[PDB]
Amino acid sequence: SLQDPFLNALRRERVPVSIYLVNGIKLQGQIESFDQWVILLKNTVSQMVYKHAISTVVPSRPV
Amino acid sequence: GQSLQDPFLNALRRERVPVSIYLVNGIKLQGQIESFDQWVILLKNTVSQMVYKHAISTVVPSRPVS
Amino acid sequence: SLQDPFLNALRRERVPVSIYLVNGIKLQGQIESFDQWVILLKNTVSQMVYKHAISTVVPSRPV
Amino acid sequence: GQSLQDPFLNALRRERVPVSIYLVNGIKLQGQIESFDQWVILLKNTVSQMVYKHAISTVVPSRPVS
Amino acid sequence: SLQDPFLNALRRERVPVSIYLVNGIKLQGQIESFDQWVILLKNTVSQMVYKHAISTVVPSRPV
Amino acid sequence: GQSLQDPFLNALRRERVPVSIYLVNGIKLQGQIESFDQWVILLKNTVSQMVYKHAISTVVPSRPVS
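Protein sequence lines correspond, in order, to chains B, A, B', A', B'' and A''. A prime marks a further copy of an entry chain. For the first sequence, the deposited numbering assigns the number 6 to the initial residue and increments by one for each residue that follows. For the second sequence, the deposited numbering assigns the number 4 to the initial residue and increments by one for each residue that follows. For the third sequence, the deposited numbering assigns the number 6 to the initial residue and increments by one for each residue that follows. For the fourth sequence, the deposited numbering assigns the number 4 to the initial residue and increments by one for each residue that follows. For the fifth sequence, the deposited numbering assigns the number 6 to the initial residue and increments by one for each residue that follows. For the sixth sequence, the deposited numbering assigns the number 4 to the initial residue and increments by one for each residue that follows.
Next up, chain B with everything else stripped away, as it sits in the complex:
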């Protein structure tokens, strides 16, 4: 319901994000793609982030 539109906006507008993980680690980058289980976050490389380990997805600026 809410997840896809929220991520799709950030993706299509190529907005930089902060992804806070359940281990307290903050990841930064661009949302490259996503599905039901993972987000591909691009910085220097494309890394695969499991949604089950994500606490919050924060836009760097109002979207």
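Since the hints were derived computationally from the structure, they do not count as laboratory data. Mixed in with the good hints, there may be bad ones.
To be verified - Far from chain A'', by Cβ distances over 12 Å, these chain B'' residues were calculated:
hint, residue
1, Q8
2, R17
3, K31
4, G34
5, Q35
6, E37
7, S38
8, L45
9, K47
10, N48
11, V50
12, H57
Unchecked claim - Just the calculated beta-carbon pair ranges, DEER-fashion:
hint, chain 1, residue 1, chain 2, residue 2, range
13, B, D40, A', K47, 23 to 31 Å
14, A'', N13, A', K47, 48 to 56 Å
15, B, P67, A'', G4, 22 to 30 Å
16, B, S6, B', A14, 35 to 43 Å
17, A, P10, B, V20, 54 to 62 Å
18, B, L7, A', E18, 20 to 28 Å
19, A, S65, A'', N48, 43 to 51 Å
Cβ coordinates follow ideal geometry from the N, Cα and C atoms, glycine included.
Given chain B, put chains A, B', A', B'' and A'' in place with the hints provided.
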């Protein structure tokens, strides 16, 4: 008996009560509940951030709702 | 099986509890109500605690 | 092959073997297993506390069972 | 698919292992038995380790 | 739309790209992806270790794949 989550969150959303959301890592988020579904809560501060419910430990109202 | 009777006793007898979360945070208060997914714990306000984030529910004194 | 959890916990319960339960936050609980079901273990020390299995990492007997 | 053969080898060859838990605790011992949900790890006693709390199972030496 | 995990991990495995796997406890593992299924990844360094996906937060390639 069933079912407490939606009425609780809807009340906070409709009355615009500021909340603290404690995450499973111990990080505290603050803001107002903009919207929510079965999996996520949209929490508004300066930006609207998407919080996964699986990562939430407790939702604490800053003051009584209703 | 065990969960509802255990919580219902603490609720109906209005016994103060300590709820330890998976993040190590200890919450204190009265069990106001509960369902399959959440417990409402009352102190100054009613806060909603997700069971998935609860490690243990400890009565403050023998029940 | 299936299924180890119930016989393990029942043995500790019936022989009244003191256990240490390590939680996913690293907190160690100690006591005797009073009862359990599919979701929780009731652990008795001075009080009976309800421990969620989803929050348990390991159950360590203080001494050999049987 | 991969889990059972991997653990069964360590068990049948009685290879000592390190089991890292999601709480950062490292457990050491021999794999005594296992099923879909738990591993019994033997050191001084047999302890029951929930798979849901395991991050990695590391053989102490090449297997 | 569906489905990203297998092609991502298979690419790293086939090109033998060294990866860093960050676990939910914040521990970083390093090695090459030897194999994987729906539940685990076999990560090779000096030894082959079995990593549970439920305990993984992010898989970070050490360099671009393809």
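Hint check:
The Cβ of B'':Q8 sits about 6 Å from the closest Cβ of chain A'', inside the 12 Å cut-off, so the non-interface label is violated. Distance to chain A'' confirms B'':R17 as a non-interface residue, since its nearest Cβ pair spans about 16 Å, more than 12 Å. Remark: the non-interface label on B'':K31 conflicts with the geometry, its nearest Cβ contact in chain A'' lying 10 Å away (cut-off 12 Å). Non-interface status of B'':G34 relative to chain A'' is upheld: no Cβ of that chain comes within 12 Å, the nearest being about 16 Å off.
Once the 12 Å rule is applied to beta carbons, B'':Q35 is consistent with being away from chain A''; the minimum gap is 16 Å. Once the 12 Å rule is applied to beta carbons, B'':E37 is consistent with being away from chain A''; the minimum gap is 17 Å. A cut-off of 12 Å between C-beta atoms confirms that B'':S38 is not in contact with chain A''; the least separation is 17 Å. At the 12 Å boundary, the C-beta of B'':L45 stays outside the reach of chain A'', the nearest C-beta of that chain being 17 Å off.
The non-interface label for B'':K47 is consistent with chain A'': the shortest C-beta to C-beta separation is roughly 18 Å, beyond 12 Å. With a least CB separation of 19 Å from chain A'', B'':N48 remains clear of the 12 Å interface cut-off, as annotated. Residue placement check: B'':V50 keeps its beta carbon more than 12 Å from all beta carbons of chain A'' (closest about 24 Å). With a least CB separation of 7 Å from chain A'', B'':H57 falls inside the 12 Å interface cut-off, contrary to its annotation.
At roughly 46 Å, the beta carbons of B:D40 and A':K47 sit outside the given window of 23 to 31 Å. With their beta carbons about 50 Å apart, A'':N13 and A':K47 fall inside the hinted range of 48 to 56 Å. Restraint check, B:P67 to A'':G4: a C-beta distance of roughly 27 Å satisfies the suggested window 22 to 30 Å. B:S6 and B':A14 have their C-beta atoms about 37 Å apart, which keeps the hinted 35 to 43 Å range intact.
Distance hint for A:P10 and B:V20: a CB-CB separation of about 33 Å, inconsistent with the stated range 54 to 62 Å. For B:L7 paired with A':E18, a C-beta distance near 51 Å fails the hint of 20 to 28 Å. Distance hint check for A:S65 and A'':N48: the Cβ-Cβ separation is about 48 Å, which falls inside the suggested range of 43 to 51 Å.
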